[PDB]
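A.B. asks: Take a look at the letters that make up each chain.
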Amino acid sequence: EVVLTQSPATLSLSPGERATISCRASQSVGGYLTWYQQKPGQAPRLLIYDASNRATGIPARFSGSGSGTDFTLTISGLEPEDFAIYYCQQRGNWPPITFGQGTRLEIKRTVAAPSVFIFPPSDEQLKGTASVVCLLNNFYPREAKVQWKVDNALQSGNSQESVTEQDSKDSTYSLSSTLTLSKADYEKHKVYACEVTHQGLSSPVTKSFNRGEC
Amino acid sequence: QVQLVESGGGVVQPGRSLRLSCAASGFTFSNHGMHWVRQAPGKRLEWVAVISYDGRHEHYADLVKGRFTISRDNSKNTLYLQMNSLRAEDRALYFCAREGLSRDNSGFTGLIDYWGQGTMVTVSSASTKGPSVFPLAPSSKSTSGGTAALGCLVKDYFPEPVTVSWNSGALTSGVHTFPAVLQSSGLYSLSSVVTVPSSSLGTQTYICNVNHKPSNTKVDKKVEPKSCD
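Chains A and B supply the protein sequences, listed in that same order.
Under the entry's author numbering, residues 1 to 95, 95A, 96 to 126, 128 to 214 are what the first sequence spells out, in order.
Under the entry's author numbering, residues 1 to 52, 52A, 53 to 82, 82A to 82C, 83 to 100, 100A to 100H, 101 to 217 are what the second sequence spells out, in order.
It should be emphasised that the hints constitute simulated quantities derived from the structure, not laboratory data.
Think of the CB as a built atom: it goes at the ideal place given N, C-alpha and C, for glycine as much as any other residue.
Among the clues, some could well be false.
Stretch by stretch, here's where chain B covers chain A in the computed footprint (C-beta under 8 Å, at least three residues) [as the list claims (entries may be wrong)]:
1. 39 to 49
2. 112 to 125
3. 159 to 167
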């Protein structure tokens, strides 16, 4: 199968700038390369086919170029509606029809460290499981990590995280991580800490509480 | 005026079957080859299968070979995807897509030009269940420099989705409802938070309105501030 590799994985730009997205194939596919745009909760939309031909209604600011194994999607004068995910697809050697892994074009803004909040389990939930929540609010860029520690023991495999889509107004993201323990284990320990790693923070920030503190 | 409307999506037990449909209109269905492409939430697009305009030829992705069957009924402009021996990893949004006409009115092109909005397929043996809603009360540990964070933990429900609003919809600013997450129990969980001025904790009540229509369950949870230390 033809492996399609897009680069970069994510592009951070602002309105008015030029976006350059690459798509490289493991083997030659001539000019049989298509580009799609996909917005969350929406199906992909045909942009360019045959490497450089724009589909009906697609504005001239979108231009495709390349041949063989190297292709490029260039978006000049970026507009708000251009921020989405882009995929390349080849029809030079198939089946199977193959797609690139996608490139995320997001809005660039200046770094904003996350405001960190931590929530102990509710009395109501305590009445057989305990969930501890850590909130990383309105930060940028998107990359952020949360590490859980119980009585200073690094936690593994017992937490799940989720991230919001980039805010349309302030261009920030928010992340929430939940540590789930059995009530027995929760009553078993005292210190619960959420360690946050984000580039807006020169060093990791730790947010914690003792069982029964709040 | 090209339209492709998928249907048939829903929850299916692991190992069982499900047949998807795609009603086409706005173009000459019998002249185009058709495809099925899937995509797991937040994941990449994955081609599934293709069928010629006259149904004489089909091709499948290696992951579905021998399990899925693509077919069509040109007399009713309908495309089908018979899925058998379903697996957890088959979960995804299934799109039926049209491919462009061929030079010769005979071969495949692989030029997928129109996509339907898809139909969701979930493979699980979990029973439908409304969520338990727990408060994420504001306290010293969740209040920073004039701003307080509070929310609701919408836990253990199936299947998706749930909707969350604050103060009957009057509170929208500062609200963040995160993507649901699948627990090892097979049940979903999600959190909805909102940041407000610390100065409002004593003058404004906060309540999260949670709705899970698959189980037709409604829950309004009051989130009250707590003292700490």
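A.B. asks: Counting residues of the segment 112 to 125 of chain A whose CB is closer than 8 Å to a CB in chain B, do you get three or more?
C.D. replies: n = 10 at 8 Å, threshold three: holds.
A.B. asks: For the segment 39 to 49 of chain A, do three or more residues have a beta carbon lying closer than 8 Å to a beta carbon of chain B?
C.D. replies: Contact hint for the segment 39 to 49 of chain A vs chain B: holds, 6 residues under 8 Å.
A.B. asks: Verify this for me: three or more residues of the segment 159 to 167 of chain A with a beta carbon less than 8 Å from a beta carbon of chain B.
C.D. replies: With 5 residues close enough to chain B, the hint holds.
Going down the numbered hints, you'll see the structure goes against none, and every one checks out.
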